[PDB]
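Take the given structure of chain A and dock chains B, C, D, E, F, G and H with the ligands to it, following the hints.
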Amino acid sequence: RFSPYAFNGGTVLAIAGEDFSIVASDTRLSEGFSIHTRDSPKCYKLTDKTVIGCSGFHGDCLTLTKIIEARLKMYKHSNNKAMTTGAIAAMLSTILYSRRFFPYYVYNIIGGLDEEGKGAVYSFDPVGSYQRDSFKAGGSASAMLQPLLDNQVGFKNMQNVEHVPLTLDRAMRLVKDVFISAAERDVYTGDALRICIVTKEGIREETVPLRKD
Amino acid sequence: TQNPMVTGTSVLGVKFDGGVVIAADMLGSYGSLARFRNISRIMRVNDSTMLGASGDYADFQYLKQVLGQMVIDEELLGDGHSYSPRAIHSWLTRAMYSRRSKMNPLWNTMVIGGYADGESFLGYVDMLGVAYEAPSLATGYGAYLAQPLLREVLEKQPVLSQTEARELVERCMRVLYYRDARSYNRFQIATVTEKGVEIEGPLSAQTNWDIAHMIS
Amino acid sequence: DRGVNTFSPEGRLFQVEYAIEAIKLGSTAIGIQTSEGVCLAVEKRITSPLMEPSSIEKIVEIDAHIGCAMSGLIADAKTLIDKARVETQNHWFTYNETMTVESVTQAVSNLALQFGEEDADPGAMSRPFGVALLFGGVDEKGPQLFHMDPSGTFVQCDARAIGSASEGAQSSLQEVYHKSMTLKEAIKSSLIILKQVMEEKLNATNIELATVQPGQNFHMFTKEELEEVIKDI
Amino acid sequence: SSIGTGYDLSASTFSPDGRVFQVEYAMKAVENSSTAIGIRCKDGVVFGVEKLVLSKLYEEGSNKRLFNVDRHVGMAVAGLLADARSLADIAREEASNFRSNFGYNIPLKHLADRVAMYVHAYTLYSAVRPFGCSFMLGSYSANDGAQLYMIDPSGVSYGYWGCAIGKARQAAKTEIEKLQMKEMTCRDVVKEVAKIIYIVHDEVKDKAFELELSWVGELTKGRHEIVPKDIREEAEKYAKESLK
Amino acid sequence: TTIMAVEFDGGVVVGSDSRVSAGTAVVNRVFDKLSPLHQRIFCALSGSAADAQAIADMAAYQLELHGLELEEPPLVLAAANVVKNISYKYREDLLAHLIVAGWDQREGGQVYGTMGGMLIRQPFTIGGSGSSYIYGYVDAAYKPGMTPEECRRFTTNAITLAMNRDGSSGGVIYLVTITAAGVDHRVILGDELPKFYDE
Amino acid sequence: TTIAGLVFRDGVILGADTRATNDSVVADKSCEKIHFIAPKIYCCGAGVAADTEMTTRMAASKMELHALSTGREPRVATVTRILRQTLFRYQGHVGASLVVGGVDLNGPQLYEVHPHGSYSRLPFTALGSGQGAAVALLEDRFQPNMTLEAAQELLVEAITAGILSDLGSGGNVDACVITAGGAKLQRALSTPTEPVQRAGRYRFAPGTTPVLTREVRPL
Amino acid sequence: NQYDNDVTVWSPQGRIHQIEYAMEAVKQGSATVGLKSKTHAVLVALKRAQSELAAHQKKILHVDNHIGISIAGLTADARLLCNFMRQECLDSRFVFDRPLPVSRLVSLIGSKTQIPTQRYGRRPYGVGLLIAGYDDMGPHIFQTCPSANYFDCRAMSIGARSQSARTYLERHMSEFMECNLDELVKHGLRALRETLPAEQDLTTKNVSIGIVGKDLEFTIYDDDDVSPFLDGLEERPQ
Amino acid sequence: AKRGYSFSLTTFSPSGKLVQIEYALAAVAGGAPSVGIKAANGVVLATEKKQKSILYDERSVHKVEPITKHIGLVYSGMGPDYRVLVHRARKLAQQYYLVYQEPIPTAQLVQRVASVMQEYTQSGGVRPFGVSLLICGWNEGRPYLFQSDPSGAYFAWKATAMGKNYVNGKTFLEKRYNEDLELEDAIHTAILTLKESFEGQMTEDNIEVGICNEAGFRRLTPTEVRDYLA
Ligand SMILES: *[C@@](C)(CO)[C@](*)(O)[C@H](Cc1ccccc1)NC(=O)[C@H](Cc1ccc(OC)cc1)NC(=O)[C@H](C)NC(=O)CN1CCOCC1
Ligand SMILES: *[C@@](C)(CO)[C@](*)(O)[C@H](Cc1ccccc1)NC(=O)[C@H](Cc1ccc(OC)cc1)NC(=O)[C@H](C)NC(=O)CN1CCOCC1
Ligand SMILES: [Cl-]
Ligand SMILES: [Cl-]
Ligand SMILES: [Cl-]
Ligand SMILES: [Cl-]
Ligand SMILES: [Cl-]
Ligand SMILES: [Cl-]
Ligand SMILES: [Cl-]
Ligand SMILES: [Cl-]
Ligand SMILES: [Cl-]
Ligand SMILES: [Cl-]
Ligand SMILES: [Cl-]
Ligand SMILES: [Cl-]
Ligand SMILES: [K+]
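Those sequence lines, one after another, are chains A, B, C, D, E, F, G and H. Just so we're aligned, residue 1 is where the first sequence starts under the numbering used here, counting upward by one. Just so we're aligned, residue 1001 is where the second sequence starts under the numbering used here, counting upward by one. Just so we're aligned, residue 2001 is where the third sequence starts under the numbering used here, counting upward by one. Just so we're aligned, residue 3001 is where the fourth sequence starts under the numbering used here, counting upward by one. Just so we're aligned, residue 4001 is where the fifth sequence starts under the numbering used here, counting upward by one. Just so we're aligned, residue 5001 is where the sixth sequence starts under the numbering used here, counting upward by one. Just so we're aligned, residue 6001 is where the seventh sequence starts under the numbering used here, counting upward by one. Just so we're aligned, residue 7001 is where the eighth sequence starts under the numbering used here, counting upward by one.
One chain only, chain A, in its complex shape:
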């Protein structure tokens, strides 16, 4: 027959702090046992306050990002303001569900700030079930990224650690570390790591090289 889907890999990670949000991904686009390109970062600026990360079928991820872009403009002409992080996350849920019977093979994570300036992270499934959380990973290597974050950020399975609040510095290394680990095991993860930092000042991008095999 004919399959409307392809698997292109990519893992996306988001973490929430007091006044910052982190959205990070690998730069590898692949298909089968071949790499399409080594220069495909999954982070995308939507507003100065909100950044999205899409992974899975790149055809769906591209069209979906363009839908969101158009929908962002539609909102602002109609409402006279920018669509907030929580509003974008709410809108994304509905867009993904309108395709409940022909879904976007897509894993979306939203990172930004809420109306109080506090860090916000939203994790989605291909069909639009979502919630807010401190940290979440989506994509081919999400199961590799999750447990380490559960232990270190959530302080899970530990007895007398004093429970230190999350700092930007520490989260940055944490983001770097989990991807370094995943690139060693997941064949779909590698090449380079791009981190997008959302703060009150705006969006700053940072690049750290990864395994290229």
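These aren't lab readings, by the way, just hints derived from the structure by calculation. Don't take each hint at face value.
What the hints assert, rightly or not - The list that follows gives simulated cross-link-like pairs (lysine-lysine, BS3-like), each with its CA atoms no further than 30 Å apart:
1. G/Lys-6214 <-> A/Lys-73
2. A/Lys-73 <-> G/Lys-6047
3. C/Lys-2223 <-> C/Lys-2195
As the list claims (entries may be wrong) - Partial chain D-side listing against chain B, Cβ under 8 Å, derived:
4. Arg-3071
5. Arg-3092
6. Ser-3096
7. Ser-3100
Even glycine gets a Cβ: it sits at the ideal position worked out from N, Cα and C.
Same frame as chain A, now just chains B, C, D, E, F, G and H with the ligands:
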């Protein structure tokens, strides 16, 4: 298209200093059979962007006419605006995904080469809507054979002269002919530059069959 | 005889200008935008002491933070009000937030000149709405009041009146408005102007009073509370 | 010459003397517009239009009355310009449909025939009004030669050697008759096209004007395009100096 | 089927076998697969009989109207284009290849292949199930600039060789020659077929 | 079914058996398969019974309506094109294999049309499950320009062969001769099988069947 | 008159009155001025209040990052045309990823605005627009009307008393091409000022400004954001 | 592009009269005369086919038309409108045959054709038919003659006339027509009723006549009409 009839194999792309060069062999296969050994799988969209296409040839000729008319329509207005290589790439991406989402795909893989504003363009388009940009491009079996060659050279030498790109391309067509059962030894080279699009006539890659005597 | 989408030599649509005239037969309604809240007030126009008091609803709730005063053809208004209520809840569903007073008014304003005969649906509009509306509420831009008529045109107002006695109440607000007015003075002024322009005496059951202030939501006033604001004549 | 009250409101109503006044009144709109010209030469077709400057605030080149309907086909319009553009869009789609279906450039006569059918269709019903403009179509190839056609609001189309529409269609035609266009090169014809516009122009009723000029012949390789600033200004100077 | 067309100076030559088949049975041993689309444009039929014939009718319909609207005999390019478009629009639903060959004043004698909805002009073209068995022969036996009689033999030879090898091809060889002067339709019977190696 | 068609010197002749099957049991022993279209155009139907019935009646309905509007002798080529465009639209789901024969101003004509909508014009043809038997007889004995009687006998032999060799064929051979003068529908021309005679009486004297309830309604 | 109730009825003079009646709606709206330099396109519009208690009407609207409009006439017809323009600009970015050239967007308005003028039961658009945009060809000032006709202009004014503004710009049209942005806006404001009666002049409450060009995307300055432009004012003379 | 009117062009006047139907009746009352006679063993239908010029080809168009094997038609009124009703009548006759496999009873055809006529007295954007129909038929071994008119009303006749001099033709028939005629007699009294309203000399080209019996319906050949013209 549910089942493609006449197909074309790998299309090549790589960008040199001051332009882009595209290669595709002049073969249209009907299954394993070499049916048409002198047909063009490349077109000049306008004077800034060019296109080579893999997969179903009837779908390529259809897309060739639709894109052909779009360029004509734009030339009629004469408002100082024309389609950039990125604009053609974006349109094609939107076209393929749309057709794919209606479960009636255009059975093609595309390489779009272009030159505009002193910058070289090379974009990939899939039949499912997979789209990206890369310094070198190879579709079908090229992605497994020619693409490794291009990347290994571009790692050692990122900027190539037009001559260096040409000889690299001829070298890749040599590998493709040896290794692809759905290939042929008649091919074309397309080039974008400050001067525009130039498609060159029937070319053959030099072959060597001396290893045929190295089995004793 | 002409069509519903015909321009006057002046440059206006007849049906719109005639819809404006229908409002001049409607009971008077006043809104006041105070820096600490918005008050809406309207006369009921009781035709008989047999009619139930709270039966007439010329000030309604659209959302927790939005109130709407209506004048003109009441039946036309309640079709527009349901549409306003549908929009807020559609927006809530899609965006998980409350709409701005401007956007709510803008949404209702989109139905403005959506009427016609030929080249239209089976259930498409035949005429405009013989209604004027005062959207008053509190969003993240403080307290706001908006005015809308059948031309579709909508604009913010610091204070506005619409209805039969429109010009009389407009002048009375004009000389009695400080942009620094308190909410106590705001309800008072509307009650003072209302009795002047009416054919009937101000009773506790004769009028509707509503407040939308930052702290608390839209509030429909109860007869006992009305007797405390009508205590200060 | 006109009929009041009843017989002139709708195009689905005939007048007692067998006339459709709605078409005739639409024909009046073009008669009020500034003059458009176009004459067939030995090796192509040239177009000339007077464009009345309503205000000096408008750009030089605004309100283009010369269109590219297809690469090899040019359109010259007179009348309600809003209608002229929609017909330019209809004509474009027709030339596009022909290539999509048959694989080559539309023969000009057929293009004219097709667009004329669409124009005519708006002359039969109460539901729509006739188009308030008239337009010319010009092309050149080695096979078909130089061709020139003109369509009016009724839906009529005819071939021409010389043709004019608008304010002074009469003043233009008598000046066109003077030319041996069957023997003239299209480089020469431009000069003469330019002077006829200047003669035709009323500089004491209308305030001022710009001259629009078009190509379609062998010198353009069969493609319809605008006459260069250089060649136009030579023809403009020629027009001003032989006006004495 | 086996179908074939060849281009020469003054015009073209179009040939076909005369068999129609359903499974292993032949239902018509004498069928002419050379349908006129206009006065000097023919087409060669292959694939589904019903699908082919339906395309032939609609092609002949549109070319008649197109011919009258231009008041000129349709271009062979135009003819090929209309057949190509119907074939493409229903490539999943209509299953037939049609070779379109003819003659016009603009471009002389022309041969077009339209299989699957693509369009290509060739010096000569073969089609049908029996075309597989003669790809080698046509490549070896072809010369450019063949006379009408040579082209006539070339098509006859190639179709004879295909029919003998192919089980889905049989009967007689229908030949048409299209020039400026007109159309010459001839039939090559069983006794008249060229002999080759048969063992 | 076995159905066949034949062209001779003075016109055409059509043939058919009279058997209809439901599953593998002979439903009708004397069903009619040669169908009226025009007074001088006839059609033989093979395949899905109801399908060959409705298509043929629909064609005849359109042919009378066409003759009424033109005031002319219906054309058999018109019948053939109407039939095939109808059948092509249904993509072979109407299981009607038809042999159409008649006489025009253009002489005697014979066509065959398959359910998918393909057609062919020829001097002789055969359709249905017994077609193999009929073509065998035709390819063997057909000549151009035969006499009516020589043509009538060969056709009978062709249908007879189908009847005797095919399990989905039986009954009588029906013939229809169409001449430039007129059409004779020779129903039950030849009849090979006969067994109506017997020697077994199975009667029951009024009252052998046990009855529980009786009701009589006067009219 | 009986030739003036439907758009599908031609006047014997060869005219459509319902188009001309819609053209009257534009003239009744408050004045708006558009002008351009070689680098920028500037819109300046006069906000109007029905009463002193009500706020001023919106005159300048967003279309895209590179295109902005100022309205004159019916509000709903302006809002309808604005939404069509936005949708066209969105579709252009969605498909081609590049901004829609101003010329082509206006051509689409010209094609869309033409449709209702030719169908019975329909009506012309009761709004005229001044379009300021920036693309590959530099800055543009365009004009649309109830009649589907549109114009490419160096500068334009539409609305009530726009003739005064039109004459001001006509004197200083050669000035604009080498103008600094701050000098360009003052020219636009000075033309808008001419439209007002002698008693009154431009205030911070009744002036709206839209700017698009090589430097920046389309921006609307309204109240506090407007006074930088008004301050530095050559005095109203006669 | 177009889309029709959706309102009735036939409405009730204060008098309770649908004026457009009566105005349509005037169109038929002014048309060429036509007569039908039911004659015990058959039916005859005749009309004035005077083209009023020698330039016309009298054989080209016909006024007496067959609807099916057993049903025929004549009209008084507008020729173009009549053609529409003939085409509709023929289709209805076939629609009936396909469903029931039996020749449509004349009564049933007339009812179906009359209902089509009714539509145009109520449907939007249309005028009624300016034709009255005379429909003959043979079914169940019985001759039938029916009249349909612009109203959508239908009548059964032993004999009647319509068109020019329909009033004089009717009284003539009252006196002249007697039940239990032979068909060949009916052709005479049909041509005689036609002579009452003629104006000119009758040739076989000037008039058209059709007959219906147990053998079906057919129009008489010009040679047959000449033999009755003595
Ligand atoms: C050669 C002889 C072998 O097929 C040719 O291709 C011939 C060409 C032709 C064209 C026009 C008129 C007559 C003949 N084709 C056929 O003979 C054709 C073969 C065919 C059948 C089915 C196909 O799949 C869709 C493709 C090709 N034969 C027929 O169509 C005959 C008349 N009927 C059938 O076989 C019925 N089919 C319909 C499809 O499903 C299987 C049964
Ligand atoms: C011969 C007898 C079959 O070998 C003919 O083809 C004959 C055609 C005929 C018969 C009467 C009148 C005119 C023409 N065909 C039949 O006898 C036919 C048998 C048949 C059954 C199923 C088929 O597959 C779809 C095809 C043919 N008779 C019938 O159709 C009988 C009366 N009905 C059924 O068997 C029920 N069918 C209805 C269609 O769907 C499958 C079951
Ligand atoms: Cl969406
Ligand atoms: Cl999940
Ligand atoms: Cl090619
Ligand atoms: Cl592919
Ligand atoms: Cl990329
Ligand atoms: Cl070949
Ligand atoms: Cl049929
Ligand atoms: Cl307004
Ligand atoms: Cl104005
Ligand atoms: Cl209506
Ligand atoms: Cl109807
Ligand atoms: Cl008859
Ligand atoms: K295949």
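Tested hints:
Pair hint G/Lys-6214 plus A/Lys-73 holds up; C-alpha atoms about 21 Å apart against a cutoff of 30 Å. Between A/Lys-73 and G/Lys-6047 the alpha-carbon distance is near 25 Å, which keeps this suggested pair within the 30 Å criterion. As the CA atoms of C/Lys-2223 and C/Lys-2195 are separated by approximately 17 Å, the hinted pair is consistent with the 30 Å bound. Interface hint status for D/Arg-3071: upheld, as the beta-carbon distance to the closest one in chain B is roughly 6 Å, under 8 Å.
Hint status for D/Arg-3092: holds, given a least beta-carbon distance of 7 Å to chain B, under 8 Å. The interface hint given for D/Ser-3096 holds, since its Cβ lies 6 Å from the closest Cβ of chain B, which is under the 8 Å cut-off. Nearest Cβ of chain B to the Cβ of D/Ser-3100: about 7 Å, under the 8 Å cut. The hint holds.
Checked against the numbered hints above, the structure breaks none of them.
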